[PDB]
Each structure stands twice: as C-alpha cells, then as structure tokens.
Amino acid sequence: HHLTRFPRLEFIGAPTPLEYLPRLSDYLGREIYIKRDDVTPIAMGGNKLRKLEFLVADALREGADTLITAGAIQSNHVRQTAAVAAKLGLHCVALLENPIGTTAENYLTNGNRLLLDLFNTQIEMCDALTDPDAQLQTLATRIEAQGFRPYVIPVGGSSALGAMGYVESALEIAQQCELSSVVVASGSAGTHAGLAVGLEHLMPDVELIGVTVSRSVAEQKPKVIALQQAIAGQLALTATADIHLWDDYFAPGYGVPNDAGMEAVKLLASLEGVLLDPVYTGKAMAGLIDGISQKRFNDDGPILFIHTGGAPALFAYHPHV
Amino acid sequence: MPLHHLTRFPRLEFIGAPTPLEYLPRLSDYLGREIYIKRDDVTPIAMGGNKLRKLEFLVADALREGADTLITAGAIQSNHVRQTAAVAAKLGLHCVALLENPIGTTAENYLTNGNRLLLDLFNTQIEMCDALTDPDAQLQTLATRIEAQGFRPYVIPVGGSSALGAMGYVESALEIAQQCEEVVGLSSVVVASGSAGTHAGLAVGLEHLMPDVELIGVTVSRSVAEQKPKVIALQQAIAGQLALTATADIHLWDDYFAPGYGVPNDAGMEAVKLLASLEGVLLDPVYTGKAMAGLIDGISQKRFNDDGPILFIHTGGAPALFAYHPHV
Numbered sequence: 004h005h006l007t008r009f010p011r012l013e014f015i016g017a018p019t020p021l022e023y024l025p026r027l028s029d030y031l032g033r034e035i036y037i038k039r040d041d042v043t044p045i046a047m048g049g050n051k052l053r054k055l056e057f058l059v060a061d062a063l064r065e066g067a068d069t070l071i072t073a074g075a076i077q078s079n080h081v082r083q084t085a086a087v088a089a090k091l092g093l094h095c096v097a098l099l100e101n102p103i104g105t106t107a108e109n110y111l112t113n114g115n116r117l118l119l120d121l122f123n124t125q126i127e128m129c130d131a132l133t134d135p136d137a138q139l140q141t142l143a144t145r146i147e148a149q150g151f152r153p154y155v156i157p158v159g160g161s162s163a164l165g166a167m168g169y170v171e172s173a174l175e176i177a178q179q180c181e186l187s188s189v190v191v192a193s194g195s196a197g198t199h200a201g202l203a204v205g206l207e208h209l210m211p212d213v214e215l216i217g218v219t220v221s222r223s224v225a226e227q228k229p230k231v232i233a234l235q236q237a238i239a240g241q242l243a244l245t246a247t248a249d250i251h252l253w254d255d256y257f258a259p260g261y262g263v264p265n266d267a268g269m270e271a272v273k274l275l276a277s278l279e280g281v282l283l284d285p286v287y288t289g290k291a292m293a294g295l296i297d298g299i300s301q302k303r304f305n306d307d308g309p310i311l312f313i314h315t316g317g318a319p320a321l322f323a324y325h326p327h328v
Numbered sequence: 001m002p003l004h005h006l007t008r009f010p011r012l013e014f015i016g017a018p019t020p021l022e023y024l025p026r027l028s029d030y031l032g033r034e035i036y037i038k039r040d041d042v043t044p045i046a047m048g049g050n051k052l053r054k055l056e057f058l059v060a061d062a063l064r065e066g067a068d069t070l071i072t073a074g075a076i077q078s079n080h081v082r083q084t085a086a087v088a089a090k091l092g093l094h095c096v097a098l099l100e101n102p103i104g105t106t107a108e109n110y111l112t113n114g115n116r117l118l119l120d121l122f123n124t125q126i127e128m129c130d131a132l133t134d135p136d137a138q139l140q141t142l143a144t145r146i147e148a149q150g151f152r153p154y155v156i157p158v159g160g161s162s163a164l165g166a167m168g169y170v171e172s173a174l175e176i177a178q179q180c181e182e183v184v185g186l187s188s189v190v191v192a193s194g195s196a197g198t199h200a201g202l203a204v205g206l207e208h209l210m211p212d213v214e215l216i217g218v219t220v221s222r223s224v225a226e227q228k229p230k231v232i233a234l235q236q237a238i239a240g241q242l243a244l245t246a247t248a249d250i251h252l253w254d255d256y257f258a259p260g261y262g263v264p265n266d267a268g269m270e271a272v273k274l275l276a277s278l279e280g281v282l283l284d285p286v287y288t289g290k291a292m293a294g295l296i297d298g299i300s301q302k303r304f305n306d307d308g309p310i311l312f313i314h315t316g317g318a319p320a321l322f323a324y325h326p327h328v
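Heads up: the sequence lines are chains B and A, in that order.
Going left to right, the first sequence walks through residues 4 to 181, 186 to 328 as the authors' numbering numbers them.
Position 222, counted from 1, in the second sequence is what the authors' numbering calls 222; the numbers after and before it change by one each time, with no gaps.
I should point out that these hints are in silico values taken from the structure, not numbers from a laboratory.
Don't be surprised by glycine CBs; every beta carbon is placed ideally from N, CA and C.
Heads up, some of the hints might be wrong.
[Unchecked claim] Chain A is faced by these chain B residues, among others (derived, beta-carbon under 8 Å):
#1 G16
#2 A17
#3 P44
#4 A86
#5 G92
#6 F122
#7 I126
#8 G240
#9 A318
#10 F322
[Stated by the list, open to error] Think about it this way: if two alpha-carbon atoms lie no more than 20 Å apart in a straight line, the pair counts; the simulated SDA-like pairs of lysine to any residue are:
#11 A:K273 with B:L117
#12 B:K273 with A:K273
#13 A:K273 with A:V328
#14 B:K273 with A:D120
#15 A:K273 with B:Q125
#16 A:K273 with B:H94
When you get a sec, could you build the whole thing from the sequences and use the hints?
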C-alpha cells in the first residue's frame, strides 16, 4: 500500500509477461513458469530497471545531474543505469572492476561494455571493488567537488529503495498467477529481498529460493535479511519469513561460467527459444533443475523461474573467458 | 472496417500487447522536429525485431499444413534467421538455415558472435553457401534434400517477405493508427526497406488508416530503381489478399546504404551513437542505423512532404552490434 508513497519514473509500463514453458516442463516432468523481467523496453532490458524506477526518481527529486554506480566490466546494472542516464540527459560515471582476471577481448570490449561506450558512460577502472559503498562515496565527492551534482546508486541498485522495484514485480506475479515454488538468482540481494517481502504478503504458501551467484549461504543470508527488514520497515509491514538460499551452483565464483550453468542456457534456448546468461540466470536455472533432481523444493508442485535478464553478456563471454 | 479480411488469416501469438510508441524528447530537441519511435525492437522472443510480426502469420501457415521444419535463408548475421530459429525451438519445430557471408569478412565476431552465436543455441541446422544468387531456387533445392530425410519442410523466403508475412505489418499499422489517435497527428513514417515486407505491409495499412501520412523507406541494400518494383509487387499482392486497392505511390530513399548491404557507414554509425547517447536506444549498423541516418538527413534537406511529426519504425537489429565490433 505505502508503495505508492514512493516517487518513481515509468521505465517499464505494462507488467512483464508470465509464461508457461510447455517444452521445458515436459522435459523436466515438472510444471515450470517464467517471469519475463528480461523483456523490458530499455537497452536490452533486465531486473535492474525495476530498481532504477525508484532510484532515479529519487535522483531527480534531489536535483542530480549525474548518476554514479559500480559493477564488473560486464555489469548489467551499469549498462541499464547508463542507458537510463542517457535517456534523461544525466551524466553517468561507472566504477568498474575485472573480477575474473581475464584479458579476453570480448569480455573487455564487447557485450555490456560496448553498450557503455555507446551510452557515453565515463569509465573509472579500479583494481577491485573491495568496499564499493566507500569507493563510490569517494568518487562522488571528487565529482561533486569538480562541479557536478552526483547521485550514488549502490552495487546492483540494491538498497531498500531500489528493492521496491521487486516488491512491484511480486504484485505482477501474484496478479498473473491467480504454484509451489519461485526461483531467482541472488546476487547483490535487492531482487531476492524485494520478492521476499512481496511474496510473504501476497503468496504465503509459496517457497522462495535464491540461488547464489557470488557467495555462500553464510555470507549471503545476513545481506538478504538486512534488506528484507529495511524494505518491510519502509512499507510499514512485518517480514518474518525465512530466507532460503542454495549456494551449490556458482563455483568457481562470480562472473565465471560453469558447465551446469551453460547447459541451462542451452536447454532453455533449444526447448523454449529463451535466452539466459552465463553469470546469473543460467546458474539460477541450473539450481532449479538440480532442485528437481535432488527433490530439494519443499514440495513438488509448479515452479516459477524469475528471468532477471543478462543475455547481452552471452556476446562478451563468447568464445571463452 | 477496411482491414477486416485480416481476421481471416490464422496467426500465432508471439508479441501479445501492442509494442510501445514513444516520443523522443532529446532527439526531437536536437533535430528541431517531433520524433516518435515505434518500438518493434521490444518483443518477447529472443531479443525481438520486425521479423517476429511476419513469423506470426508464416508459422501459423506452416502449422496448418502440418509442417515440422522451417527452412529459410539470410546473411550469417540475419535477424530473420535468428528469429525464425528461436520460434522453431519454442514450437519444437526443426530449423534449417541457408547462410551466406555477404561482405566477404573474416572478422571472428562477424563469423561466430551476435545472431550467429544464438543460432547454435537454438540448435539450428546450418547450411553454408558461397552466395544467395537465387534464394527461392536454393531454398527449394535444400527443402528437397530435407524432405528426403522424412522432415516436412516449410520454406520461408528471405526476410520473411511474402504477402502473407507482410500481413504482420498491416497489423502494425493498425496499432500505430490506434496509438496516434487523439495523441499525435503524424506527418511522416520512416522504416528501413530491405526484403520489402515491412515497408509493403505498412504501405497498405497506412494508405487505409492514415491516408495523409507520408511513408518513407530508406533502402539498405538496393537503389530506388531496384527496390521500388519489389515493394510495389508486395503492396499489390497484400492489397489483393485483403480485397482492397492500394493506389499510393511508394517512396524510397537510396542515399544511405553505400558501400552496400551489411557494410557500416559513417552516417549510420553516427546515427547509432546519437540514438544511444540521447535516448538510451540501441540501433544497428546494418538496418536501423542507416534508416535513422536517412531520417536525420531528410530533416536536414527538407526531403519530407511536410515538416510535421515523424514516426521512426524501430525494426530491431541490436544483436548485430556485438557481431560488428570491433570491425569487419
């Protein structure tokens, strides 16, 4: 209810499709549905756009002329922020790292990174995002002292404000489903947490599972919980639901493809004409599939996979590294 | 009323809702004229595009006749082939693609990245040829060999551009008319003109719904002399199928595609950079970049019949950006 008290820009408009996947369902022997948050009208789309609706509205209210964020070279978030900035006539400054130590030309210059150049993003390279919030604040102070009005967007757009975007997706989900499980990639945690708050109130019987793409359960759980509480607090709701996380599917680490993940990509492509990605959704789908094999879900009814986007990264990861 | 026979053709649901029609305030401010964009690049299937509109009718036709295989042709970086392959996968139809290298490039990203990468993901059977000198005959030869294996092939022509395929853009015109209604009085529409189905579909639709609007195709592969009869033939065939006449003159501009099909040019790349930096919109080096360069220059030279609002049809093509980088 209090969701409408938050300023937001319209970047998406109509609710994204929720689709049945008959061929994948037939193959896995389980009813699988997909939330197509990969289909959004801005610069090849994705989940970060839902967050930016709130974050950029806040930016404009604060009178910013510059958006500053951070991510890997192949960040979907940075690409979406850069496109949104260009659309609104805002400057954009991206703080980037190479998280996998690659020198592969396509990772360094193609995919999302190519798009950043098209969007006229000012690029700042750092050796590592060891303390992103801190490093972004340092950068913002320079730019502010330089004569600009920056607005800092945290890594993956995952603040309590940004995460409102995924409380919003939860409303679409609830509307469109009128299910036993929901599966989503859990990275910077805004998507997971927002969905957790929304689904708790809208679909309490449904098990929400985050498949981690960068961290162990131990490392990831406190982050998702912290966001869950902050979101609930700002909406004047209670959030008591357990956070469920599966960390078996991201090795050897963030932004490195693995076989299970790339095989998930091939499966969805060949069976459904759907495009996943090597960093996020492929790994999450690999988790979904294994959850079936291992009978890992609370019960064995329909599963909703949340497609958070990421496909432009296919072109940066080809042919390897 | 006049486009009612369109109801008769069976068609599949690939798009769902009408695609967004958006004002471009920053581009409009720069160009000194009201620019709107029809977002046909924003469709739900495998990175979208205009070809998906045609496939709705072509594939419905294939299913009706009991086909289990789709066969079509294009460049290695064809958007059509990629969209055909994606649809085939989704429907559990087999897909065979006859590909050529139209520009003689050895650049690895052209050969293996972009649309061509996606083809492998959709399990497309790839069939290379030196050139598409006679695509109708080459597709038919391939269909004979495919049929010998026991498949039931349905041949989709280059770009999905038959009268039936073009019905998708008659439908697009209906959307456009409804979307502009009481919101904007369009003076002009710009679309890239390639295999001609999109242009022809729009020509018939717009003649009957928005008769005063000037439709302009920017050629991406041929001169006016070569392209114009192709568009007209389709236009007349589309009108016939709908029990309508189509008396409108087809308008084409061929100044914006040199040195040739699939070869990027400066004006095209500047248009791509302009749309990206001003509107966060991604065009492509083969089709939309060149069409936009046409629009821009059309404003500059006052080539349009009337200087009112222009609607640019975004036909898609963005995955090729990754194939054309860093060069071909």
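Hint by hint, here is what the structure shows:
no., hint, in the structure
1, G16, "7 Å, holds"
2, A17, "6 Å, holds"
3, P44, "5 Å, holds"
4, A86, "4 Å, holds"
5, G92, "6 Å, holds"
6, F122, "6 Å, holds"
7, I126, "14 Å, violated"
8, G240, "33 Å, violated"
9, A318, "7 Å, holds"
10, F322, "4 Å, holds"
11, A:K273 with B:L117, "11 Å, holds"
12, B:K273 with A:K273, "32 Å, violated"
13, A:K273 with A:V328, "18 Å, holds"
14, B:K273 with A:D120, "9 Å, holds"
15, A:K273 with B:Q125, "15 Å, holds"
16, A:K273 with B:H94, "15 Å, holds"
Of the numbered hints stated above, those contradicted by the structure are hints 7, 8 and 12, listed in ascending order.
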